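Next up is one chain by itself, shown in structure tokens, the form deposited without N-oxalylglycine.
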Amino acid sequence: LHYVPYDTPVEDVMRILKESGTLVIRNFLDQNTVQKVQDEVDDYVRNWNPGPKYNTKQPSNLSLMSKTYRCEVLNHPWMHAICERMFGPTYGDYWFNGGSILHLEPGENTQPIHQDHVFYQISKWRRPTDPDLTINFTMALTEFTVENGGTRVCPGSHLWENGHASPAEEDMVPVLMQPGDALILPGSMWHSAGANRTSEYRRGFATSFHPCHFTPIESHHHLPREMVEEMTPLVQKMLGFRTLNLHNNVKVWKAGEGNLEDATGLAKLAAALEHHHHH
């Protein structure tokens, strides 16, 4: 397991991902940003917390509940640098798969050790040298420690052949992370969260991306149009509002024979040209 600074060259990170199958990018995000995501999620769910004396929505997509998530986190250059080099040559485009809140409650037992691509039926056609089917970025809000259940990884196990037994608990390496660090988790890396034996939640959240030709865990078609229009064009494509280009330049997710973003009406020249009557 490698812990690398934010300014590590991209080729070195992909090199380590190839060799060991995982790594941690310290200071992946500033503590400011990860805390803002948690704050915006709290403001969305609005769970009732009783005062000391007598005197709400269910959680949805992180891109819906958190403006910071859909405007800053999903534009993270480290996410797209790794995703472009991981899926690009084989699949062309990639897009957002799913993003979860990873809050470990005090007293929760150890998580089963698993690969994230296990629910892909086609993980049985893939060989360990092929590109991964998905990649997770797990960002710490609280500290990730041994006691509070920080994620454990088994380096090298991404090259294990298909059907290889799950790794042994003794050979699971805990990931120790400060707020803002991120654990890089390809879909083939064997991992699991540990037991939280402390009196406080282990907090954090994740993004994940996978090839454009695979159906994402989450749809974002229920999001209001005002949120979709404040997204960058890159994030609009990530969240399923734009046509995708395969490796062979065949298009999927099209609106008829044209692009989806054209049929839905999803400003550029007006901002650039001062003489545009909409500037």
The other form holds:
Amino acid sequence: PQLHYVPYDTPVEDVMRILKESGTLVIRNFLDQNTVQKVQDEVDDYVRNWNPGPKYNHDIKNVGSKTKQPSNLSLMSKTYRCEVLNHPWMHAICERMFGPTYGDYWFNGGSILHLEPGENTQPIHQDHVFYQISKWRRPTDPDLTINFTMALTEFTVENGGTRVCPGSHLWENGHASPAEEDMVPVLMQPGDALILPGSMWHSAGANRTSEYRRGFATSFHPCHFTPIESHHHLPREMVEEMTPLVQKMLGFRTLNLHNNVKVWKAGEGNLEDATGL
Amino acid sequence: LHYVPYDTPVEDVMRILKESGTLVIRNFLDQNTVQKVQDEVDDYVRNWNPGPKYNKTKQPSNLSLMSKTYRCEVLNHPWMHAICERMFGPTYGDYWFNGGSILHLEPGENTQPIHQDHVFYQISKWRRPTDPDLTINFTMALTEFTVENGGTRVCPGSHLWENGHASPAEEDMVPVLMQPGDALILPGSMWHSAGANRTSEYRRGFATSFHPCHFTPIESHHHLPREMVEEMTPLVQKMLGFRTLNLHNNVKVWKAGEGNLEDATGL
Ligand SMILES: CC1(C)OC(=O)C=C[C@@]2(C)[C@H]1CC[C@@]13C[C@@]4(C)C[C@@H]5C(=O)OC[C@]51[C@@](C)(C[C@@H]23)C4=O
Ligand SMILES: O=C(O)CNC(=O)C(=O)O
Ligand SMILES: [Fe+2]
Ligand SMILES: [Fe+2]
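Instead of the form deposited without N-oxalylglycine shown above, give the structure for the form deposited with N-oxalylglycine bound, please.
After this comes the whole thing, all chains and molecules, with the earlier chain placed first.
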């Protein structure tokens, strides 16, 4: 297994092969320069006023003192919720990853990944560690989550670009963390995206440049799992402008399981019916 | 199958749950409370009842939306929270409401298939019988539960069976005989089934169910009016999905960005 840089027009069966083989890859030109600049324009004041460091106390202390990870992106970015969440590559991969086992999937969470100059290396980790059921899951099973880390600024070795350990997703539970010397930094242009299944060991690097390294992420997981981020605080007019696909992603529609059982229902009917969506 | 009084110590009930997989708590509710839920539900659906001579109806929604007693009193029942705290707490942290249904077997209904309640969790095929349950059901009886009217039957000890084990034989199913107000405790791994109602009258009752906070509930209560959410207790607000949940590792799920959902919605 190795790091792979594939173009946008890669066949889907080739991408899922690399995900099955190496557990990660980079899709170049995942977004265009227009979407990158629009996302930066919408979250500029948000991230600037956000305070560096975690917001609350939890066990996985992987938020550095010089790191900003604001979420709430569907609420603070129109391009995020109207276009980014409808990205065909995300839904093409998510359908083949969760479909045959869980049925529907929806949005788990998504945050800005902002590395201030001088930030040290993030601890190497798997994204699904905050799932208690990850101890039950064998590495042959489908992943509990998948992440889409999109570069807004450049991602270099020196400015703290994300590093992955290809092949570490196939390790059995309890396997020790990969050594730092085994981490492989990811080189990305603005708009490129690194695909991170919940089982791939990875971490942010140290930002040893004079300029911040900023990315932003989306993540999806099976519909039977509670998302880290709710969206019932969003204004009603926002939901009605969302596509039906994004409405389901953000928790406003009933979800169907793989055997046609429904969860997230309003009584016995659909949640969208009782709300008038 | 154990029948225990209401004042049974919590440690005793959890011990019988671990060993037998089910039991009944007699007088779980007073007969008044169970009756009020039905009356409030009937007053909600407002089905047309024809009189003896000639001379605005809603479909059934969530039980917490239909019945004020259900969402304000039944969902705050200390016995359910005492059991859910000890079954989900150490492993999962928070728990919340999974789903609730009105259980009415009309006269003539055949025997329901024997099943486990956690069969619709795909992750049930990774769980070991000694692991904590994925969900727990509390079935409260409004009418009497008898053999003839199709009262629920259980197979004690079948919760320890390996995954893939065959369903228990019908000859080895134990009928649960409950008076109005009692409640049958059904963890997700207990093999059970409703019986055949061979009497002339309905078998009435309802159920609540809870599961770990990291699992998506069967029912969403997002359509509930804001006035109803505000009058709920903070415990019930979290139960019905209006509050941020805390995992065992103190990582929060169901947040509003990085903060709490109840703070963003002004609860
Ligand atoms: C910083 C920390 C503690 O670091 C960790 O080591 C491990 C896991 C989490 C709890 C992150 C913080 C929030 C999460 C949640 C989310 C669904 C969406 C967030 C995101 O977009 O990037 C971080 C994401 C993550 C990709 C990883 C996961 C993900 O699954
Ligand atoms: O910021 C990055 O490059 C990578 N961040 C993470 O993996 C995280 O925050 O979980
Ligand atoms: Fe991560
Ligand atoms: Fe059942």
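Take the two forms, find the largest set of C-alpha atoms that superpose within 1.5 Å, and that set is the rigid core. Residue numbers count along the first chain shown, from 1.
After superposition on the rigid core, the Cα atom of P50 is displaced by 2 Å or more between these two forms.
The shift recorded for the CA atom of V34 between these two forms is 1.9 Å, with superposition on the rigid core.
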